[PDB]
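Q: Generate coordinates for the entire structure from the input sequences, incorporating the hints supplied.
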Amino acid sequence: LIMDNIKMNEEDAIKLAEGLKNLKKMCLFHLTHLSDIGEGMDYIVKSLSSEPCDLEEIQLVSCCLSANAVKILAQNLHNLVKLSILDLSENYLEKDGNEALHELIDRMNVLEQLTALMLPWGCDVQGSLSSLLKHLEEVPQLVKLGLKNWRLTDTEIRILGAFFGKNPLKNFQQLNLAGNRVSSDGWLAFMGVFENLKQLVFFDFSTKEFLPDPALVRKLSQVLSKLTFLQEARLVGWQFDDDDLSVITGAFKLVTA
Amino acid sequence: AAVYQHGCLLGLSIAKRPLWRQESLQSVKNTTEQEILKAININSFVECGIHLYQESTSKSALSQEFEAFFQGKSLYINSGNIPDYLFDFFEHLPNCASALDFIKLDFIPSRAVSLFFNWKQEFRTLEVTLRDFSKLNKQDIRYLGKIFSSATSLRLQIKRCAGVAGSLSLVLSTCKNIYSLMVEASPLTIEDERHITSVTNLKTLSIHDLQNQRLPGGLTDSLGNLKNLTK
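Chains as they are written, first to last, in the UniProt record's numbering: chain A, 768 to 1024; chain B, 510 to 616, 644 to 767.
Since the hints were derived computationally from the structure, they do not count as laboratory data.
Hints should not be assumed to be uniformly reliable.
[Claimed, not checked] Once the Cα atoms are required to be at most 25 Å apart in a straight line, the calculated SDA-like pairs of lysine to any residue come out as:
id : chain 1 : residue 1 : chain 2 : residue 2
1  : A       : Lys986    : B       : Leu609
2  : B       : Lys656    : A       : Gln998
3  : B       : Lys582    : B       : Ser705
4  : B       : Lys712    : A       : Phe961
5  : A       : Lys901    : A       : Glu857
6  : B       : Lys582    : B       : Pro603
7  : A       : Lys986    : B       : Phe599
8  : A       : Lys993    : B       : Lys674
9  : B       : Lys712    : A       : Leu978
10 : B       : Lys656    : A       : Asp952
11 : B       : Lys613    : B       : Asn761
12 : B       : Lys763    : B       : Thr688
13 : A       : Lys849    : A       : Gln893
14 : A       : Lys986    : B       : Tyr715
15 : A       : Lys986    : B       : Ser689
16 : A       : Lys813    : A       : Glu823
17 : B       : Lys712    : A       : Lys813
18 : B       : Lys674    : A       : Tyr810
[Stated by the list, open to error] Distance windows between CB atoms, simulated:
id : chain 1 : residue 1 : chain 2 : residue 2 : range
19 : B       : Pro645    : A       : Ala1024   : 26 to 36 Å
20 : B       : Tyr594    : A       : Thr799    : 55 to 65 Å
21 : A       : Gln998    : B       : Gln543    : 53 to 63 Å
22 : A       : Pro935    : B       : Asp745    : 56 to 66 Å
23 : B       : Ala698    : A       : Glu904    : 54 to 64 Å
24 : A       : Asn963    : B       : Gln573    : 25 to 35 Å
25 : B       : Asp597    : A       : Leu881    : 51 to 61 Å
26 : B       : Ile726    : A       : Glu904    : 36 to 46 Å
27 : A       : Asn934    : B       : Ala698    : 49 to 59 Å
28 : A       : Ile769    : B       : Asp597    : 37 to 47 Å
29 : B       : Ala577    : A       : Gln880    : 23 to 33 Å
[Unchecked claim] Here are some chain B residues pointing at chain A (derived, C-beta under 8 Å):
id : residue
30 : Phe616
31 : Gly681
32 : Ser685
33 : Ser686
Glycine is no exception: its CB is placed at the ideal position from the N, C-alpha and C atoms.
A: Set out below in structure tokens:
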């Protein structure tokens, strides 16, 4: 079932949450470009995540998710084993989002099928990145990982550098970092991590506006060229000149903004 | 490649028209014409090796022999004269050009940047010389940055540059690989002086013809910050 940019009356979500209860064979659910709803989305998480089913992928994007809706899911993570894709990202948690995240992060101890975990954004969830590391290291199938829509400082890349030490997955392909606050001193600090991620398919590491030193341009071109795939990576928000774009190797696609 | 012995040191002033560097480095003091000629002779030797390579129509086939030949030598490049064969040498003969111990870049055409600012490798030690600089353009600084960064170790010699004063910290701050810095009869501001005293990974520092005397906190005040300084 796909619901893409469909306007709701803020009541129908409740009735659907009930109707969905009998769809015991449903496996895939997409909810995309939701209008402002508020109450009505929590009914989906209350009705679902229980009365167990075969849902394989739950992709609610930009769906006005509340911290309470996240808490409800956390409580209900004892159900829906076999679930592999859990999104609920591209979504800002207005209040107590970090608490809701902390509760689910310390769980998922029955969810052995989790891949491509995307996280909700809170102000400032960054203070808990180490809480993700706590359990991310326990999942050997994290082919994809997305940490989007928030400021990421030099301190945070050092924390991630520890994450990327690392006891290797040897199956990591997709890294999504939509924005950051990384200085010209690096960035570079985690370069060489790519040696443990030779099968990277794509990544972004995008920003608002940043002008890299020639040294960083050189390190990029001499590192990404050693990757097996590099299937259309992007560098959105990076001020590369014609001279720098000449240095960057023949990537399948290249985006600067 | 098996010949390491120099042999006869007479004449051989044909190569490298700037025999006395056109009034630059290696001037009145510390001449030793015998060593100057040796540098010229080895530089022409390296060029000969490159020319033999170019005419061998063996771009990669004979890379092993050329590696042994070039290893341990120095190459001099004039920024005002960069022959086409240098581009092919650096681009098509990897692990040999990089086997050179030193590359001397004596000055800023964009071509100089294009040659050095490549994605093939980082150079071991680069020796950059600045000479006829009455003005330092913002573009020139940008171009130098691109060149300075393409190395593991940087040696910089600034002689009689008038446009550098007030911009020395601006240039030096673009590359942390600097370990050897010399300034010959070239003025500077206190901010530039403080910057030099703020770089703690320097091994060599040489100041010539500085006539300011009253330099608060400067190289004449303490200079105890450069704990790694040997010369």
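Q: Please go over all the hints and tell whether each is borne out by the structure.
A: Status of each hint after checking the structure:
Of the supplied pair hints, the one linking A:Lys986 and B:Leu609 holds, its CA atoms being roughly 22 Å apart against a limit of 25 Å. For the suggested pair B:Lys656 and A:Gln998, the alpha carbons sit about 22 Å apart, so the restraint of at most 25 Å is met. Annotation: proposed proximity of B:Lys582 to B:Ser705 is violated, straight-line Cα distance about 32 Å (limit 25 Å). Distance hint between B:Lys712 and A:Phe961 is fulfilled; the C-alpha atoms sit about 24 Å from each other, no more than 25 Å.
Under the criterion of a C-alpha separation no larger than 25 Å, the hint pairing A:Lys901 with A:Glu857 is consistent with the structure, at around 23 Å. Of the pairs offered as hints, the one joining B:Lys582 and B:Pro603 holds, with about 15 Å between alpha carbons and a cut-off of 25 Å not exceeded. The suggested pairing of A:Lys986 with B:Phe599 holds, with an alpha-carbon distance near 18 Å, which does not exceed 25 Å. Taking the CA atoms of A:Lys993 and B:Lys674, the gap is near 34 Å; set against the 25 Å cutoff, the hint is violated.
For the hint pairing B:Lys712 with A:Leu978, the CA-to-CA distance comes to about 18 Å; that is within 25 Å, so the pair holds. Proposed proximity of B:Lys656 and A:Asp952 is supported: the alpha carbons are some 23 Å apart, at most 25 Å. Between B:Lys613 and B:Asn761 the CA atoms are separated by roughly 29 Å; this puts the pair beyond 25 Å, and the hint is violated. Of the supplied pair hints, the one linking B:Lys763 and B:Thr688 holds, its CA atoms being roughly 21 Å apart against a limit of 25 Å.
Of the pairs offered as hints, the one joining A:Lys849 and A:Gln893 is violated, with about 29 Å between alpha carbons and a cut-off of 25 Å exceeded. Of the supplied pair hints, the one linking A:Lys986 and B:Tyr715 holds, its CA atoms being roughly 21 Å apart against a limit of 25 Å. Under the criterion of a C-alpha separation no larger than 25 Å, the hint pairing A:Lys986 with B:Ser689 is consistent with the structure, at around 16 Å. Distance check on the hinted pair: A:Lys813 and A:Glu823 sit about 18 Å apart at the alpha-carbon level, within 25 Å; holds.
Proposed proximity of B:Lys712 and A:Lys813 is contradicted: the alpha carbons are some 57 Å apart, above 25 Å. Of the supplied pair hints, the one linking B:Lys674 and A:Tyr810 is violated, its CA atoms being roughly 61 Å apart against a limit of 25 Å. At roughly 30 Å, the beta-carbon separation of B:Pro645 and A:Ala1024 lies within the given 26 to 36 Å, and the hint holds. About 59 Å separates the C-beta atoms of B:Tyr594 and A:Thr799, a value consistent with the hinted range of 55 to 65 Å.
A hinted range of 53 to 63 Å holds for the C-beta pair A:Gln998 and B:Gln543, which are about 59 Å apart. For A:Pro935 paired with B:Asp745, a C-beta distance near 58 Å keeps the hint of 56 to 66 Å intact. About 59 Å separates the C-beta atoms of B:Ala698 and A:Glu904, a value consistent with the hinted range of 54 to 64 Å. Range check, A:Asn963 to B:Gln573: about 32 Å between beta-carbon atoms, so the 25 to 35 Å window is met.
Under the hint 51 to 61 Å, the C-beta atoms of B:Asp597 and A:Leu881, about 53 Å apart, fit the expected range. For B:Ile726 and A:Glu904, the Cβ-Cβ distance of about 52 Å falls outside the hinted range of 36 to 46 Å, so the restraint is violated. Judged by the Cβ atoms, the range 49 to 59 Å given for A:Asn934 and B:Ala698 holds: they are separated by roughly 58 Å. Under the hint 37 to 47 Å, the C-beta atoms of A:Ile769 and B:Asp597, about 56 Å apart, miss the expected range.
Between B:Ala577 and A:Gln880 the CB atoms are about 57 Å apart, so this pair departs from the stated range of 23 to 33 Å. Among the interface hints, the one on B:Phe616 is violated; its C-beta lies about 17 Å from the nearest C-beta in chain A, farther than the 8 Å criterion. Proximity of B:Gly681 to chain A holds as hinted, the smallest CB-CB distance being about 5 Å (cut-off 8 Å). Contact between B:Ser685 and chain A, as hinted, is supported at the beta carbon level, the nearest pair being about 4 Å apart and thus within 8 Å.
Against a cut-off of 8 Å between C-beta atoms, the interface hint on B:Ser686 holds, since the closest Cβ of chain A lies about 7 Å away.
Violation of the numbered hints given earlier is confined to hints 3, 8, 11, 13, 17, 18, 26, 28, 29, 30; the remaining hints are satisfied by the structure.
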